[PDB]
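Protein chains: 2
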Amino acid sequence: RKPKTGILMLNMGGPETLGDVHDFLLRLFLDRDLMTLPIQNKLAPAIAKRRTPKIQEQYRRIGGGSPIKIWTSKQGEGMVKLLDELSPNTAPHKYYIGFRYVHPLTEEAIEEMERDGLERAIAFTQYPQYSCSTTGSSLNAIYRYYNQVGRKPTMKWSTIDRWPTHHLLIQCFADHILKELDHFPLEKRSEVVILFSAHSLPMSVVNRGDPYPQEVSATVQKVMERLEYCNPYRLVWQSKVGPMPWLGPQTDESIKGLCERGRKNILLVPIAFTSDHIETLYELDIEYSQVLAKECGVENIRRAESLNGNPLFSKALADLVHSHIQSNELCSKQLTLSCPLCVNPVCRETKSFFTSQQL
Amino acid sequence: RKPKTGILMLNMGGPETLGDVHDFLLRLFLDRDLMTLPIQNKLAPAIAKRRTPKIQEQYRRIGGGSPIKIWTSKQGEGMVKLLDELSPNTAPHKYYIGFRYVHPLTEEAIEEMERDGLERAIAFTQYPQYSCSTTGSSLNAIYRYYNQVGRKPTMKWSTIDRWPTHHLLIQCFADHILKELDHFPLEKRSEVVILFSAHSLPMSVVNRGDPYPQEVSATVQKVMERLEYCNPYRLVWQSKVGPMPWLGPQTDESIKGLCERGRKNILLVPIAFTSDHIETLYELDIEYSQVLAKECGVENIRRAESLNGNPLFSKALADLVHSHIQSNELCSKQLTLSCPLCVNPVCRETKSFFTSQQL
Ligand code: HEM
Ligand code: HEM
Ligand SMILES: C[C@H](CCC(=O)O)[C@H]1CC[C@H]2[C@@H]3[C@H](O)C[C@@H]4C[C@H](O)CC[C@]4(C)[C@H]3C[C@H](O)[C@]12C
Ligand SMILES: C[C@H](CCC(=O)O)[C@H]1CC[C@H]2[C@@H]3[C@H](O)C[C@@H]4C[C@H](O)CC[C@]4(C)[C@H]3C[C@H](O)[C@]12C
Ligand SMILES: C[C@H](CCC(=O)O)[C@H]1CC[C@H]2[C@@H]3[C@H](O)C[C@@H]4C[C@H](O)CC[C@]4(C)[C@H]3C[C@H](O)[C@]12C
Ligand SMILES: C[C@H](CCC(=O)O)[C@H]1CC[C@H]2[C@@H]3[C@H](O)C[C@@H]4C[C@H](O)CC[C@]4(C)[C@H]3C[C@H](O)[C@]12C
Ligand code: FES
Ligand code: FES
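Chains as they are written, first to last, in PDB author numbering: chain A, 65 to 423; chain B, 65 to 423.
Honestly, the hints are just simulated from the structure, not real lab data.
Heads up, a few of these hints could be off.
Copies of the same chain look alike in the list, so a pair counts if it fits in one copy or across any two.
Claimed, not checked - Capping the alpha-carbon separation at 27 Å, the derived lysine-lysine pairs in DSS-like fashion look like this:
| no. | residue 1 | residue 2 |
| --- | --- | --- |
| 1 | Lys252 | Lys328 |
| 2 | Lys304 | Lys252 |
| 3 | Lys397 | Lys252 |
| 4 | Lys252 | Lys158 |
| 5 | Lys216 | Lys328 |
| 6 | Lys138 | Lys220 |
| 7 | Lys243 | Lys379 |
| 8 | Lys358 | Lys138 |
| 9 | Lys328 | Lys68 |
| 10 | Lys415 | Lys106 |
| 11 | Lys133 | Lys220 |
| 12 | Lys243 | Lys106 |
| 13 | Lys328 | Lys133 |
| 14 | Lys243 | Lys397 |
| 15 | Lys328 | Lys415 |
| 16 | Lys68 | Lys158 |
| 17 | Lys304 | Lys118 |
| 18 | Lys304 | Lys138 |
| 19 | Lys220 | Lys66 |
| 20 | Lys328 | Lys397 |
| 21 | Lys415 | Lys158 |
Just chain A, same shape as in the assembly:
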């Protein structure tokens, strides 16, 4: 009987096939909510065509592309089935995928949401921890959309802008870690170092007051608390790109460092991006890993699987949307506060957009 409440699942998206790498990078380097460059409209196209090969090669190393679209759709379907039974008064619920750099683009999703004449629209970020470069950018695109077209929303908007410590999210992480620990030799289970690895941020972003580092750190603590501190751990940062300073310890140097110090069993945990993505140097480069073994004698380096399709995850997503609906919140209290050194005038416009929504 026609969709009443829409759930816009926000994420950066990812190249479906190596053939999509170029336009993925193009939009990424063009995103001013993510980064600002001189003559950006001219430089973005250049940087894209340039790194495309290097990035296609990395995706080939992981299967030939990103499975984010499929995974997100599967979780989206599962979330809906639960919501339709959990919240009959807001049903039927329908999910929309809003990727930032690839189709379905955020704008394309909003446009479709408007045409379906939904009553309520929920901007639901798929990043548990908040960064102005990920969730912030996705939220800004929504504000940018209506402002671009030059007209007001025909729907009631609200947002779930962060959920770093949602109990079911923490349970899923704990479950996957225990599962992977089972794959290490029984005699070494106790010695396994749990290395939580999240994507790093440039120090310039960290220093302007980005919320991300603190929230990822919160997720980590909740997870270890659930696991009753069964193993030692560290929160490290990966995939750092460029010569500029990024928040460390770097994941690669940390793995090597740990091996040089006798820790031969390591469990990497994707603590800040719920879908499979590009792995680290010691996981992909046979040369680097072999040397590490010859010199330090590394025994086991495993990675916990992504929350990809765990049914308990869809339940996590449905639980979040449900609670949100019951609370009547328009956004978290944290969104009402911009970075201390924020220099993007769109940010607060986006904030007002959500806090000023009807209902």
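Add chain B with the ligands to chain A, keeping to what the hints say.
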């Protein structure tokens, strides 16, 4: 009857009067566990001699010195009181103050503990969040003492090396925040920005894998959690000393940035050091205060009071020692893992010292 169980309260200490500033700084710049300098025994004395004036001036700005000794004794007394009732089997309990850079020095306390013929010693750090530069140095001192004294412990040791999320520590923080929120105008109370301010670390220490940032971030989340996210917040880092890069955002830069962006009511929270200490630029310099208020219109900048003498705090300390005793742990799981890029050979020796303890 004689002291059965001894509780060694570890901290860096602080100059009791302006006259004690020099040797405080001398012992600090000489600390290898906190700082590694070339020909350190040569440069330390010089640095101390040169910084004394500036540091004496800072302490004068806050009353003439540090109240850490008095406060730690009072808390220690209260802790012992509660312990003799809570843990009859390990009673009588006696607390010893072990400061790193001032009397009573860590070594003096150990030496006295030995003479008291205790049946069990507990190295209890007063820093709830672990850093190799704070708790690590104090623990390494215990190992360095027995090692340099060329003798073995006559007591069975164990350590409470961290407690970033202890439920009563969190309750004390929330109580002090609510209490301070009451000092702002009722109409503006919901507009107050809670700025958790912790002492920063050099980026070189952060990148080596220091545990501190993630643990401080955990304390913050637990506190806001208890406060049910009543106000927006940010975790910033203060007193970064020197020209080298330290973890930001800086407290001074954030306060200014915030004011320039409309946030006129700010509540500073001493989230990582439980005793009064040097305040920030906008709390001391009258000139910066004026400039800021003139071109930003700051309305209220308040600092929550240090957990200094809150009885619930003494209760927190006793609750910790009690659980620690019943758990029979020798140290936390986290202490068994060194920084992935640790280059201090003593660290690993200190670890073995505690994990190898009898019982
Ligand atoms: C302002 C901070 C950030 C900047 C400047 C940034 C930049 C970039 C760039 C340039 C790429 C393209 C890859 C390349 O060309 O080498 C990329 C990819 C990516 N970024 Fe970020 N990023 C930031 C923060 C984040 C955060 C917080 C996350 C976490 C969820 C993240 C997740 C990703 C993912 C998942 C990819 C796809 C690559 C992969 O699978 O590893 N990024 N980022
Ligand atoms: C490894 C990194 C650190 C370095 C290099 C460092 C260095 C210093 C120095 C040189 C001083 C003397 C004052 C000055 O010359 O400016 C000082 C004082 C002090 N430090 Fe640190 N420190 C570090 C980490 C920390 C941490 C993590 C804490 C947190 C508990 C801390 C708490 C203090 C306190 C409470 C004082 C007394 C002065 C004040 O109130 O600011 N320091 N530190
Ligand atoms: C000058 C600008 C930084 C401006 C600023 O910080 O205020 C920096 C950041 C991005 C840099 C560009 C990107 O790194 C992409 C290219 C990298 C090449 O090695 C040089 C040209 C190249 C096009 C760089 C030119 C210049 O160093 C840029 C444009
Ligand atoms: C890694 C990439 C260059 C890739 C390449 O040359 O092949 C460079 C070029 C543009 C750079 C970004 C832009 O200079 C804009 C930002 C500048 C800040 O000082 C750091 C973050 C910041 C977001 C930079 C991160 C990183 O250094 C980037 C993304
Ligand atoms: C060279 C050494 C760093 C060595 C290293 O990183 O391997 C650095 C760190 C501490 C520095 C010293 C400290 O900053 C104290 C002094 C600061 C003055 O501005 C220069 C001399 C001065 C004495 C510095 C000399 C030199 O730059 C030092 C000694
Ligand atoms: C803060 C102080 C300068 C104070 C002043 O000029 O008033 C400077 C001079 C010596 C510096 C220290 C020395 O350079 C030795 C270390 C160098 C590392 O890169 C950072 C930590 C490190 C321990 C430095 C901390 C801080 O930058 C110090 C202590
Ligand atoms: S960059 Fe964080 S609020 Fe604008
Ligand atoms: S410096 Fe952290 S364990 Fe040695």
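Here is how each hint holds up against the structure:
Taking CA atoms no more than 27 Å apart as the test, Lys252 paired with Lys328 passes inside one copy only; the shortest distance there is 9 Å, against 54 Å between copies. With identical chains, the CA atoms of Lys304 and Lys252 are never at most 27 Å apart, being 30 Å at best within one copy and 41 Å at best between copies. For the homomeric pair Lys397 and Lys252, the shortest alpha-carbon distance between copies (15 Å) is at most 27 Å, but the shortest distance inside one copy (44 Å) is not. Neither within a single protomer nor between protomers do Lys252 and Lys158 lie at most 27 Å apart by alpha-carbon distance, with minima of 46 Å and 39 Å respectively.
In the homo-oligomer, the alpha carbons of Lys216 and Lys328 never lie at most 27 Å apart, since the shortest distance is 57 Å inside one protomer and 31 Å across protomers. For the identical chains of this complex, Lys138 and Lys220 are intra-copy neighbours only, at 25 Å inside a copy versus 56 Å across copies, given an alpha-carbon limit of 27 Å. In this assembly of identical chains, the alpha carbons of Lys243 and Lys379 lie at most 27 Å apart only when taken from the same copy (19 Å versus 38 Å across copies). For the identical chains of this complex, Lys358 and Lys138 are neighbours neither inside a copy (42 Å) nor across copies (55 Å), given an alpha-carbon limit of 27 Å.
Taking the shortest alpha-carbon separations for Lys328 and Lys68, neither the intra-copy value of 53 Å nor the inter-copy value of 41 Å comes in at or below 27 Å. With identical chains, the CA atoms of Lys415 and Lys106 are never at most 27 Å apart, being 29 Å at best within one copy and 55 Å at best between copies. Taking the shortest Cα distances, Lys133 and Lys220 sit within 27 Å of each other inside one copy (26 Å), while across copies they are farther apart (58 Å). In this homomeric assembly, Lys243 and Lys106 never come within 27 Å of each other (Cα to Cα): the closest approach is 48 Å inside a single copy and 54 Å across copies.
In the homo-oligomer, the alpha carbons of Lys328 and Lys133 never lie at most 27 Å apart, since the shortest distance is 35 Å inside one protomer and 43 Å across protomers. In this homomeric assembly, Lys243 and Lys397 come within 27 Å of each other (Cα to Cα) only across copies, at 20 Å, whereas the closest approach inside a single copy is 35 Å. For the identical chains of this complex, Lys328 and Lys415 are inter-copy neighbours only, at 18 Å across copies versus 47 Å inside a copy, given an alpha-carbon limit of 27 Å. Taking the closest pair of Cα atoms, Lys68 and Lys158 come within 27 Å of each other only inside a single copy of the chain (8 Å); across copies the shortest separation is 66 Å, beyond that limit.
Within a single copy, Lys304 and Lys118 get their C-alpha atoms as close as 15 Å, which meets the 27 Å cut-off; across copies the closest is 39 Å, which misses it. Taking the shortest Cα distances, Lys304 and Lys138 never come within 27 Å of each other, neither inside one copy (30 Å) nor across copies (47 Å). Taking the closest pair of Cα atoms, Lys220 and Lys66 come within 27 Å of each other only inside a single copy of the chain (16 Å); across copies the shortest separation is 71 Å, beyond that limit. Within a single copy, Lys328 and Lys397 get their C-alpha atoms only as close as 43 Å, which misses the 27 Å cut-off; across copies the closest is 17 Å, which meets it.
For the homomeric pair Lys415 and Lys158, the shortest alpha-carbon distance inside one copy (25 Å) is at most 27 Å, but the shortest distance between copies (54 Å) is not.
When the structure is compared with the earlier hints, violations turn up for hints 2, 4, 5, 8, 9, 10, 12, 13, 18 and for no others.
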